[PDB]
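Supplied in structure tokens, the structure appears directly below.
Missing here is one protein chain; the remaining ones are kept as they sit in the complex.
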Amino acid sequence: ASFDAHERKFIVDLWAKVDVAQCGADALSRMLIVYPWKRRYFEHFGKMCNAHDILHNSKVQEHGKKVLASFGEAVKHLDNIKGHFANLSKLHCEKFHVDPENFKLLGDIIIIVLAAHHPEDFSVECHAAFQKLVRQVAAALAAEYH
Amino acid sequence: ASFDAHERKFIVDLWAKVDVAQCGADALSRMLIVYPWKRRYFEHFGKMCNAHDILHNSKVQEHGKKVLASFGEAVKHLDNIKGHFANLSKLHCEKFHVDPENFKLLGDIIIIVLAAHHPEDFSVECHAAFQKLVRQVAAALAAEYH
Amino acid sequence: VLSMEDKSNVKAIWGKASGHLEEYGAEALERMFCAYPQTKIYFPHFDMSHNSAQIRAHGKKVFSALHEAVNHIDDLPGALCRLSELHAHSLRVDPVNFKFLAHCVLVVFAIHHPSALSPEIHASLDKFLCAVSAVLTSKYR
Partner (left out) sequence: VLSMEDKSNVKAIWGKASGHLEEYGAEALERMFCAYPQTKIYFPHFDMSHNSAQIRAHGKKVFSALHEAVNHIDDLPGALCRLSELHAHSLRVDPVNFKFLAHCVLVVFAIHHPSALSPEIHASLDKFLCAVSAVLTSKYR
């Protein structure tokens, strides 16, 4: 489903206030703490035995930034989300072997991090616009699995 | 995702052998037995206290036929499944108040009924073609919810 | 299973919703209706306006039940038993919708108490809401 003009202005206006590095590091760290078995993907980054380790792991913090910077390019491709993520979708499947259910889990965590960092902008309708965005980013990234 | 030519020939060739009335009655009856709380939608059809009641309820058997006859029209609209189901999607939401998760549950049951009635045709690849069909019919019927 | 540490984490974050059960329950509800609009099929008799009396009265009931659950977090099944029955036999809500609400509850605590809802406490509260959803669904078949 396309984004109406209202939905687009919620997404565009908020995204311009987001600190992508800070938020990206927070989202990935929260995912690894709330769902510990997802640490299977990142055991090459070093110590991740507990939450203190995860939050002090510099390679996790960097990966969370580049994940959220990539998600944020959806905001300038709102008409063409499937097409923009298609190569990234094939890398997840063929090279990194990431279970595609993870895309909807991280999406839900990103919504909690946005809520905590922008409480005054993250109204009911702003939230509903982001929930749609996160849904469509998850489906684009799951698309090329085979 | 479109259906390639192989997927289309699995779906078209099998569908032409299906007894839609028999299978449709079986799928709806199985859904109400395997997930008993879904009987909330059909309490105007009469006695449904147990499995014996459900299988002897004539109005349930008829509704299962018209549900599967409608699903089967997907097979002649394989390019345009979202568009073909859009009015039916709005009726489910606005008039019948049916939770859209039910569309994926019935889809999975329809696959079990097709397997039991056509064991020799319902190969691994035939199954994968139907699983895709059932997925896209569920999404079309969930589309107009709001 | 909820650990001793999980249980203390949940009691601590939940003591911040004290005095705000109606306010926070009504917001979680409004968020669920707007972000997961399919959930409105269960409330056709409700006025869906912001801050409607119905949405306030129900938000309060839901959060009050969660409060009882926190105070009896050792025996969730005995605390949620009547509600478990009610959802299985009368309301008959598909189990998948309990995750939508649980998510909306996390969002409301992230808005009102961002610094309290740390990554470790978020993990404990997520576990607690799953355990509550599992009890509410346990009598369905």
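A, B and C are the chain letters, set down in written order, and residue numbers restart from 1 in every chain.
We take it that a residue touches a chain if its C-beta (ideal position, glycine included) is under 8 Å from a C-beta of that chain, and two chains touch if they have at least 3 such contacts.
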{"item": "Chains still shown that are in contact with the chain withheld from the display", "value": "A, B, C"}
{"item": "Touch with the omitted chain, as defined above, among B:90, B:97 or B:127", "value": "B:127"}
{"item": "Residue among B:69, B:91 or B:112 that touches the chain left out of view", "value": "B:112"}
{"item": "Those residues of subunit C which, in the complete complex, touch the missing chain", "value": "1, 123, 127, 138, 141"}
{"item": "Touch list for subunit A against the chain that is not drawn", "value": "35-38, 40, 93, 97-102, 142, 145-146"}
{"item": "Absent chain, residues of subunit B that touch it", "value": "26, 29-30, 33-34, 51, 54-55, 108, 111-113, 115-117, 119, 122, 124-125, 127-128, 131"}
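Following the convention adopted for this analysis, only the chains that are shown with their structure count from here on.
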{"item": "For subunit B paired with subunit C, centre-to-centre distance based on mean C-alpha positions, whole Å", "value": "33"}
{"item": "Shared-contact residues (touching 2 or more other chains) in subunit B", "value": "none"}
{"item": "Multi-chain contact residues (two or more partners), subunit C", "value": "37"}
